[PDB]
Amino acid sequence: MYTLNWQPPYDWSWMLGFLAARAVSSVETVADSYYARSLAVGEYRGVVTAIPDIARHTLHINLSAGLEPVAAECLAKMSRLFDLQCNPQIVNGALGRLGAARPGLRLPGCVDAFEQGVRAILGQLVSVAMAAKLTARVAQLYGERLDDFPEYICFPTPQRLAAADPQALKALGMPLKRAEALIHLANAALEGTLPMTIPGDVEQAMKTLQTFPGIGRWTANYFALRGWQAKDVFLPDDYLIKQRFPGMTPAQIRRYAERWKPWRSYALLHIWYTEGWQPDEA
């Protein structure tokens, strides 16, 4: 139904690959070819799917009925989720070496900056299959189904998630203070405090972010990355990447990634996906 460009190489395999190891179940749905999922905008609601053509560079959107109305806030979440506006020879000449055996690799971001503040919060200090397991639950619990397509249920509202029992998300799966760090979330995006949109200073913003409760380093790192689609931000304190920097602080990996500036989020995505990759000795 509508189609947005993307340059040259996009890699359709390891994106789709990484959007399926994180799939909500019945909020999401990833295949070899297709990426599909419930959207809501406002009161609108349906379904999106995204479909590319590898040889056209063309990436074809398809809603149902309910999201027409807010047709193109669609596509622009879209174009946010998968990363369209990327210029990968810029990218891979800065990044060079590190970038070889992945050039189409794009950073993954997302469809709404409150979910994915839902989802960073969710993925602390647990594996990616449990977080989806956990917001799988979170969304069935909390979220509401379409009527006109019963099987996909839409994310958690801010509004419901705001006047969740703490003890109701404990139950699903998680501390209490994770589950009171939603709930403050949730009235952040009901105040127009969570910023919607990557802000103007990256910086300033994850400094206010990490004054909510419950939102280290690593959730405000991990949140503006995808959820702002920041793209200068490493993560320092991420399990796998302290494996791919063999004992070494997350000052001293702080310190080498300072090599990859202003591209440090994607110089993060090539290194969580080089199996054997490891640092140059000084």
Second form
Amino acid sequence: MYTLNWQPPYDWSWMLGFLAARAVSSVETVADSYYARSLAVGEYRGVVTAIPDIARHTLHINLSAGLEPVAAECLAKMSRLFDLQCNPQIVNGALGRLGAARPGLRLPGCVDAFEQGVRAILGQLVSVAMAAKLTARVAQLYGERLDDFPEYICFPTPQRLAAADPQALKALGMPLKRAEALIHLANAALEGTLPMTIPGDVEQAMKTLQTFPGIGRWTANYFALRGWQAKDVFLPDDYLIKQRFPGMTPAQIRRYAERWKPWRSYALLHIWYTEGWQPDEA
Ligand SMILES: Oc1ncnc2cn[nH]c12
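The form deposited with 7-hydroxy-pyrazolo[4,3-D]pyrimidine (7HP) bound, contrasted with the form deposited without 7-hydroxy-pyrazolo[4,3-D]pyrimidine (7HP) above:
Everything in the complex follows now, all chains and molecules, and the chain you saw is the first one.
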């Protein structure tokens, strides 16, 4: 049982709510007071559990025996998933009124960049629910079960998804193109062309990321945001975002969002979670 710290406020209800909707069956388990999921670091496999202690603003992490050797990297992954580094006072100060609603809003990251990349692609032109349902089938088919914890299955590894038959993934509910994008992503991960950690120059990296087959602007932005935890990325192509900005084109929305620099990623979250949100006038 390890412990990590965070700076108040931290809207935990919103965070687990966010992960619960996107949770992949037989990978993650999200509840009101904790989060848990299978996790593979090299040949080390197990179950990671995160328990927040709101009062003492400390997150308690529990690892199953198979992950102890790489505990540190497991702790590092949890910190990036829950954005423990965030300084709410600064972000809310810059965001101003926009963040006034819920100052405890955090940027949901990930546990592994290759996995998230896979999720972003699977999230293409489809709802959160449909996406999760699809990702579960993919994990069910190409994932490996935990010996000590039979109820859990590890997200498919790059090697496995590299040799997956395009048609096989196709049958799960995606176009051939989508299935080929994933296959390529798998090989990119194997070679090391896919940045597993946030790069010094995000824009350049995203640019390179889009030269990949099946990776558009939305997927690219979304991946950077969750996959690298980039704080200044907006999604002008996002379907929900369009709803929030009626009539305005992607370019206009992109122009509108410049006012939240250099925290557009946090701006994106708040806009996503303010129901009756609407733009100004000028
Ligand atoms: O592919 C996609 N493009 C833009 N917004 C969304 C939302 N979900 N999936 C999307």
